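Trainee: Listed here are the chains, written in short residue letters.
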Amino acid sequence: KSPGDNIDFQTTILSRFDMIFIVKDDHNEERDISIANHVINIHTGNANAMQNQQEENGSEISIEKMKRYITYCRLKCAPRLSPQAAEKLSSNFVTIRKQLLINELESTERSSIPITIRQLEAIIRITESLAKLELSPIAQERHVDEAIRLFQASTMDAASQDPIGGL
Amino acid sequence: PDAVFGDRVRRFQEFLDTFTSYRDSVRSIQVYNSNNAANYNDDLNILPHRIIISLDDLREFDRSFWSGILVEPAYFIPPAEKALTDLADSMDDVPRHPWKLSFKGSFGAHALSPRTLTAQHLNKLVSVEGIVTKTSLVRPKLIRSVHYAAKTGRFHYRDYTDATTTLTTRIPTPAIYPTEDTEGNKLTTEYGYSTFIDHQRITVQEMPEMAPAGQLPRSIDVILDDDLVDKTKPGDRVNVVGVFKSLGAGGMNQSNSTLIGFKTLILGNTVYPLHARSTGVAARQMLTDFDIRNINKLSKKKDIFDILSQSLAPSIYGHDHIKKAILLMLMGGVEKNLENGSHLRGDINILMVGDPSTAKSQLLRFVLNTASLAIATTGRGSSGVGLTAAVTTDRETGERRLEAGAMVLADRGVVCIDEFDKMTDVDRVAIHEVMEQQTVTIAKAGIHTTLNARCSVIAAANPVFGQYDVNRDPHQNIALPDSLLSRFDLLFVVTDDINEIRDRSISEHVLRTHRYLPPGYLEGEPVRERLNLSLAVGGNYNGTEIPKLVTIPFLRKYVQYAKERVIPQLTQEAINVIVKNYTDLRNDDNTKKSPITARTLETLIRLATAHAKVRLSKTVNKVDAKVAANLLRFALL
Ligand SMILES: Nc1ncnc2c1ncn2[C@@H]1O[C@H](COP(=O)(O)OP(=O)(O)O)[C@@H](O)[C@H]1O
Ligand SMILES: [Mg+2]
Numbered sequence: 001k002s003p004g005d006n007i008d009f010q011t012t013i014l015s016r017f018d019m020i021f022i023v024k025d026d027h028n029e030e031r032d033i034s035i036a037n038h039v040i041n042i043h044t045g046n047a048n049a050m051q052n053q054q055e056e057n058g059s060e061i062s063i064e065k066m067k068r069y070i071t072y073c074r075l076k077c078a079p080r081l082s083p084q085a086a087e088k089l090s091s092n093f094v095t096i097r098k099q100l101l102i103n104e105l106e107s108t109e110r111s112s113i114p115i116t117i118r119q120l121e122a123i124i125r126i127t128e129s130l131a132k133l134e135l136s137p138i139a140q141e142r143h144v145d146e147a148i149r150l151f152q153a154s155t156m157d158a159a160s161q162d163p164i165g166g167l
Numbered sequence: 001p002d003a004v005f006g007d008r009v010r011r012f013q014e015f016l017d018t019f020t021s022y023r024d025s026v027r028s029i030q031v032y033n034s035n036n037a038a039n040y041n042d043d044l045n046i047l048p049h050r051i052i053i054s055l056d057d058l059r060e061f062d063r064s065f066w067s068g069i070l071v072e073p074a075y076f077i078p079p080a081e082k083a084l085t086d087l088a089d090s091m092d093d094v095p096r097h098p099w100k101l102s103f104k105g106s107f108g109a110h111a112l113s114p115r116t117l118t119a120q121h122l123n124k125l126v127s128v129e130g131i132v133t134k135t136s137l138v139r140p141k142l143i144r145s146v147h148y149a150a151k152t153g154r155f156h157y158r159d160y161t162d163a164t165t166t167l168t169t170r171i172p173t174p175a176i177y178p179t180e181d182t183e184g185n186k187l188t189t190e191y192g193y194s195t196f197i198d199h200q201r202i203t204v205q206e207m208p209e210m211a212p213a214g215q216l217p218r219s220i221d222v223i224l225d226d227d228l229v230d231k232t233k234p235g236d237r238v239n240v241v242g243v244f245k246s247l248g249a250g251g252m253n254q255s256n257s258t259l260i261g262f263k264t265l266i267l268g269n270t271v272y273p274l275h276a277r278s279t280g281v282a283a284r285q286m287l288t289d290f291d292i293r294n295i296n297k298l299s300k301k302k303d304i305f306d307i308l309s310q311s312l313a314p315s316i317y318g319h320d321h322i323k324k325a326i327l328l329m330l331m332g333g334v335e336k337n338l339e340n341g342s343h344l345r346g347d348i349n350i351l352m353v354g355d356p357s358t359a360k361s362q363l364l365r366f367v368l369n370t371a372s373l374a375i376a377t378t379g380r381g382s383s384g385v386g387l388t389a390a391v392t393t394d395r396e397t398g399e400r401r402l403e404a405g406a407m408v409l410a411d412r413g414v415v416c417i418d419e420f421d422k423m424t425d426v427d428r429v430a431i432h433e434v435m436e437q438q439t440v441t442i443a444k445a446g447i448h449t450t451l452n453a454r455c456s457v458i459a460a461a462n463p464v465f466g467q468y469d470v471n472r473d474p475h476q477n478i479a480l481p482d483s484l485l486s487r488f489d490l491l492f493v494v495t496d497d498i499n500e501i502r503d504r505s506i507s508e509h510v511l512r513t514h515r516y517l518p519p520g521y522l523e524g525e526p527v528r529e530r531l532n533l534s535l536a537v538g539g540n541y542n543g544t545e546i547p548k549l550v551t552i553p554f555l556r557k558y559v560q561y562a563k564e565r566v567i568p569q570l571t572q573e574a575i576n577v578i579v580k581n582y583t584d585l586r587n588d589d590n591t592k593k594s595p596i597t598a599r600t601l602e603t604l605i606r607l608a609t610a611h612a613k614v615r616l617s618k619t620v621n622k623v624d625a626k627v628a629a630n631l632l633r634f635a636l637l
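Those protein sequence lines, which keep their order, are chains A and B. For the first sequence, the numbering used here gives the first residue as 1, with consecutive numbering after it. For the second sequence, the numbering used here gives the first residue as 1, with consecutive numbering after it.
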């Protein structure tokens with residue numbers, strides 16, 4: 001079935017969202033063994049000791065520290081895109097819609113999942129968020145590349161699951 | 001006589017002597033009243049006796065007297081009113097009611113809200129912003145009663161006072177109504193010689209925009225007098241400047257013995273109706289002579305229609321004819337009222353339908369922000385009672401009374417309806433009357449009324465398949481009744497067609513918009529939001545003072561001036577054009593998105609009239625008719 005066939009609502013609602021995630025039950029033994037082991041470590045208390053040791057190590061932070069950091073980042077920083085990073089965004093945004101254009105002309109049917117100007121503003125928002133991560137007043141190309149990586153991992157694989165959006 | 005009272009009278013006299021603006025404002029009021037009196041004598045309106053006083057200028061003059069008015073107004077306001085009355089009587093010697101005072105300017109810590117008002121602000125001049133919820137009946141209060149004694153044939157009188165008129169409290173002396181004089185003769189009341197002053201009380205609670213979202217709101221009572229009654233209606237956003245007073249004894253008498261406490265209410269000196277987003281107060285602004293000269297300079301240009309339309313929403317690429325339609329709707333056309341009571345529409349209704357993410361809701365929000373009396377409504381959120389009107393019961397009178405819905409409150413304004421396709425059938429039948437007959441007819445239990453609902457309507461719809469299909473017929477795509485499509489003057493189908501060059505242009509425009517910084521802001525600093533409250537009187541960023549494109553605040557001045565000043569009339573050169581276009585369009589063979597009825601001719605007339613209003617022209621010309629026809633032909637084809 002199409003991704004819009006699985007949802008019990010209009011396909012425009014998917015376009016209202018900035019990023020979509022299709023969560024899959026892959027059903028692999030080497031994966032469910034690991035998941036079950038992780039849940040056992042949750043239940044015994046080994047995960048509690050591991051997380052405390054990792055917080056003391058310095059590669060995880062507390063939830064209250066995260067809350068205060070989120071408040072500080074939202075109240076202090078609001079980045080702006082650099083002029084050199086806009087060309088990459090425009091080019092890699094127009095290539096996707098060119099691919100969807102040729103897919104729609106070949107298939108002669110509208111794709112159930114769309115990508116619009118709202119998705120371009122979504123990728124802009126992701127780039128500005130990644131720039132706001134390090135309290136950076138300006139967004140560089142390394143934020144743009146990572147934002148595009150998240151967009152490919154989130155909305156574009158969902159579009160590829162749509163066989164109108166694939167091909 | 002009090003020494004400090006006289007000293008404060010002299011100090012305010014010196015302040016009024018320093019600032020001549022209040023003096024010749026008094027003189028202007030007096031000469032206006034005298035001119036109206038002379039016109040009534042030879043062959044009307046009367047101005048109230050009060051003066052707007054800027055507190056900032058007073059702080060510049062005398063800080064002690066300014067802080068005296070703000071902190072202890074009961075000792076400082078009556079001397080200032082006495083000094084103003086003496087000055088006004090001094091200028092009235094060559095050509096009776098005492099003059100009052102109104103306060104404007106920054107209040108500092110005294111600019112409060114009904115939640116923020118506590119008893120430390122009692123007996124102080126406070127400015128309170130909020131929303132009017134209850135407005136009591138304007139009742140006459142008897143000040144002086146005049147009586148006639150027929151045995152002696154003499155006219156007696158008695159004066160009555162209460163605690164709400166004077167700021168400083170005095171001894172309450174209850175003088176009863178005199179029905180017999182000293183010698184015992186019968187007194188007959190002479191109505192028409194007695195003096196009655198209008199009195200109102202309103203309830204102002206905090207506005208829901210800055211009220212806390214969880215808990216109950218707080219409200220205060222405001223007492224208004226003869227020149228301040230009927231300045232408000234429920235639902236208005238107001239700023240009331242007045243003395244936060246306490247009255248009576250809080251149960252400390254033996255007869256009173258309860259814990260209502262000391263009753264607290266504001267003796268209102270000034271009422272400002274402020275314009276907020278999607279409220280019942282129309283946005284009005286002062287037009288200076290420089291602005292009128294600039295508007296007249298733009299009226300003579302030949303590309304003015306292409307300048308005002310493209311300068312509406314420069315952050316939205318394309319949709320130029322939609323901008324033109326929105327501008328012509330904001331012009332509003334001209335309505336006709338005949339001698340037999342018939343009414344002909346002037347307002348223009350615009351419907352836009354098409355693919356998602358095509359800047360429809362952003363255009364709706366723009367028209368909400370840029371129109372004088374635009375009110376926003378969604379599809380399923382509002383119902384039949386919320387749109388037209390509803391009936392409740394008054395607590396005091398005990399009878400039924402009316403609540404004006406979204407469409408009635410936007411009289412002479414714009415109704416911005418988003419998600420038009422999801423509205424209920426009863427809503428559609430209710431709005432069939434409003435879009436054409438321009439009224440709301442209420443026939444409920446005991447209430448049969450007709451409310452004026454003269455509005456312009458913008459609607460944004462969505463095709464039932466989610467995306468517009470080119471090969472399909474438009475009747476199946478729109479999926480709306482034919483009557484509703486006939487009500488709308490213009491219907492615009494927007495298609496999100498993909499083209500590489502066009503998508504490059506859209507992406508470049510969006511990124512250039514996303515590389516914007518406000519003036520006076522740093523690179524990393526987030527832009528702060530201040531809630532927009534305006535007083536109601538009576539892709540290039542650097543658009544400032546008509547350089548290439550008109551800025552939004554000047555565009556509102558242009559729209560306001562074109563609405564109040566120019567009322568164009570039709571001429572035969574435009575008439576032949578519109579008749580030819582209408583009779584051609586009725587007999588065209590090509591399939592149109594909108595069906596063609598006799599309403600299309602009136603849409604042509606309204607669009608021509610609106611384009612004439614753009615040109616600031618007393619008449620409708622042939623080019624206006626051509627523009628009106630060519631704008632409608634795009635919406636039809
Ligand atoms: N032609 C356009 N020019 C600029 N921005 C656009 C355009 N079309 C859509 N957008 C952007 O897409 C976003 C989606 O909102 P909107 O398009 O108003 O939704 P809808 O079309 O469903 O009303 C908006 O933030 C707007 O900035
Ligand atoms: Mg929308």
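Hints are computed from structural coordinates only; laboratory data are not their basis. Some hints here could point you the wrong way.
As the list claims (entries may be wrong) - Pairs of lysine-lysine residues, derived as DSBU-like cross-links and limited to a Cα-Cα distance of at most 35 Å, are as follows:
| no. | chain 1 | residue 1 | chain 2 | residue 2 |
| --- | --- | --- | --- | --- |
| 1 | B | 422 | A | 98 |
| 2 | B | 548 | A | 1 |
| 3 | A | 98 | B | 592 |
| 4 | A | 88 | B | 548 |
Trainee: Each hint needs a verdict: does it hold in this structure or not?
Mentor: Cross-check of the supplied hints:
no., hint, result
1, B/422 / A/98, "holds (33 Å)"
2, B/548 / A/1, "violated (53 Å)"
3, A/98 / B/592, "holds (30 Å)"
4, A/88 / B/548, "holds (31 Å)"
In summary, the one numbered hint that this structure violates is 2.
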